Structure formats: C-alpha cells, structure tokens
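Every protein chain but one is kept in place in this view of the complex.
Just so it is clear, A, B, C, D, E, F, G, H, I, J and K label the chains in written order, and each chain counts residues from 1 on its own.
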Amino acid sequence: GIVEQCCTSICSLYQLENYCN
Amino acid sequence: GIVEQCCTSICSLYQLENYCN
Amino acid sequence: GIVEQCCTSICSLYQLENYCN
Amino acid sequence: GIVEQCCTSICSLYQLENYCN
Amino acid sequence: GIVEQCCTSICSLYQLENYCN
Amino acid sequence: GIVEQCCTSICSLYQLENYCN
Amino acid sequence: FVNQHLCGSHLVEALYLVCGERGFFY
Amino acid sequence: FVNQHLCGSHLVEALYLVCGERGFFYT
Amino acid sequence: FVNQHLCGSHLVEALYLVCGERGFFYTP
Amino acid sequence: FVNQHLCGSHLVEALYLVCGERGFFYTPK
Amino acid sequence: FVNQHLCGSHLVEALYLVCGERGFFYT
Partner (left out) sequence: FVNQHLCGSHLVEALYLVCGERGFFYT
C-alpha cells in the first residue's frame, strides 16, 4: 500500500491523491 | 459523527477505538 | 529504555503506557 | 497573509498553493 | 498547571524553559 | 544549508535561529 | 470551519496510533 | 519497523490535507 | 493568540508538503 | 471544547525541542 | 542522531495521548 509505496521513495502530491476516495 | 463526539469534548483512546478499522 | 524499545520496533499503546508517570 | 485568510475558513489545496514560491 | 498556563496564552521560549529539567 | 547542517546531527533551537528571517 | 479542520488533523494522528494494523475510518 | 511507522504518521496527515472533503481510508 | 499560533503551525506544515521543491514564503 | 487538549500536544512538542537532552517536567495535575 | 530525535518527537506526542492526566517524563 501507500506506506510501502510512499515511505520507500517519496510520493508527489499527485501520487498521494491516488489514495483518496 | 466523530466530530460531534470528539471535537466538542475529549475522547478517551477507548472511545477513539470505536472508529477503527 | 524507550528509544531501544520503541524507535527500532513499533510500540503498542500498552508498551508506551509503561512509560507514563 | 495566510494566517488571516486560512485560520477561520478552510483553505483548499489550491488556495494553499498561492503561498508557494 | 502547564496546559492551563501555556494553552490559555502563548508561552515565550523563556516561559517554556521554566518547564525544563 | 540547513539540511546539511541539521538532518544527521541535531541542531538546537539556538542553531536553528540562524535560519530565521 | 478551521477549528473542525484542526481537530480532524489531530484525530487522524490519534486514530493512526490507536488503530494500528486495523486502520480506520475518517 | 519504526521508519515506516513514523513515515506512516506523516502520510496520513498528508492524505488528510490532499484529499479534502472526499477523505481517504487508511488500512 | 494561542489559536492563531496553532493554526499557523499547521499552515506551515501544509505549505511544506504542498509546495514541494519550490518551498514557500512566510513573514508574519 | 477540546482546545486545551489540542494545544497540549503542541506544547509537549515545544518543550521537547526547547529543553534538549535534559528533558522536561510534565505532570499536568 | 537525528533519527532518534525525530522518533522522540513522535513518542512525546503518543505519550501525551496515552498517558493523559498522569503525564510522563521524556529524558
């Protein structure tokens, strides 16, 4: 998920927004 | 909601657990 | 102490509580 | 400034962006 | 005590230092 | 800069004040 | 209302801690 | 381990802001 | 005012995230 | 209201930074 | 070490919620 994805390398705002509803 | 429950008075960690998962 | 216990592994609420006054 | 515009009514992401360089 | 003191009006860095060991 | 100075060795609030306006 | 907004930020942080592996609904 | 645990706290704050009214669910 | 102080702390955290490599500006 | 509750979280954070290695006194009662 | 420093910031915030009115020392 997001933790594996965004804590191993940095997520952009647009990548973060993938995890919104 | 959580806001009426826990933003108008302090929720215990027991009360917050209602809102898991 | 708390750094060895909780900064190299995750402490639960209960583990953290050990450190309360 | 930002505190005056965003501390009573919520600033959205796009509004917050106005304060980037 | 401390929350009443520093959360009813802001504490300066000097006033915060009052609470250091 | 600040990252070089402060992200592997801890800066005190006192060394941080260098970076104030 | 910003007050609710700031409350919610703290609730998210508290639920992250409390809920652990279960995760939570905001 | 803890690096991911500390990073996850900042991630949920970021989702809180980014997602706005639509919200997110974490986990 | 305490509430302004606390709101600003959240605002600068939010700017740090939103503004990315550009950064932000902040003069009270 | 929960104002003081939210404030206190920031306050312990501030004491943590201000006090450095020697730590801080935090007995809220 | 900064990583320990940053973990401390999180542990103080978590102890603040967990310990409530009894407080805690973080030294």
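Basically, contacts are C-beta pairs under 8 Å (C-beta built on N, C-alpha and C of every residue); 3 or more make two chains touch, one makes a residue touch a chain.
A.B. asks: With the missing chain put back, which residues of chain J would touch it? List them for me.
C.D. replies: Against the left-out chain, chain J lists 13-14, 17-18.
A.B. asks: When the complex is taken as a whole, what residues of chain A touch the one chain not shown?
C.D. replies: So the residues of chain A touching the unseen chain are 6-10.
A.B. asks: For chain F, enumerate the residues touching the unshown chain of the complex.
C.D. replies: 2-3, 6-7, 11, 13-14, 16-17, 19-21
We adopt the following convention: only the chains that are shown with their structure count from here on.
A.B. asks: Report which interface contains more C-beta contacts, comparing E-I against E-J.
C.D. replies: By number of C-beta pairs in contact, E-J is the larger.
A.B. asks: Taking each chain's centre as the mean of its CA atoms, how far is chain H from chain K in angstrom?
C.D. replies: Centre-to-centre distance between chain H and chain K: 20 Å.
A.B. asks: Quick check: how many Å separate the C-alpha centres of chain B and chain F?
C.D. replies: Between these chains, centre-to-centre, one finds 37 Å.
A.B. asks: Between chain J and chain K, what's the gap in Å when you average each chain's C-alpha atoms?
C.D. replies: Centre-to-centre distance between chain J and chain K: 9 Å.
A.B. asks: Can you list every residue of chain H that touches 2 or more other chains, as numbers and ranges?
C.D. replies: Where chain H meets two or more other chains at a single residue, that happens at 2-3, 8-9, 13-14, 17-18, 20, 23-27.
A.B. asks: Check each residue of chain E and list the ones that touch at least two other chains.
C.D. replies: Counting only residues that touch two or more other chains, chain E contributes 7-8, 13, 21.
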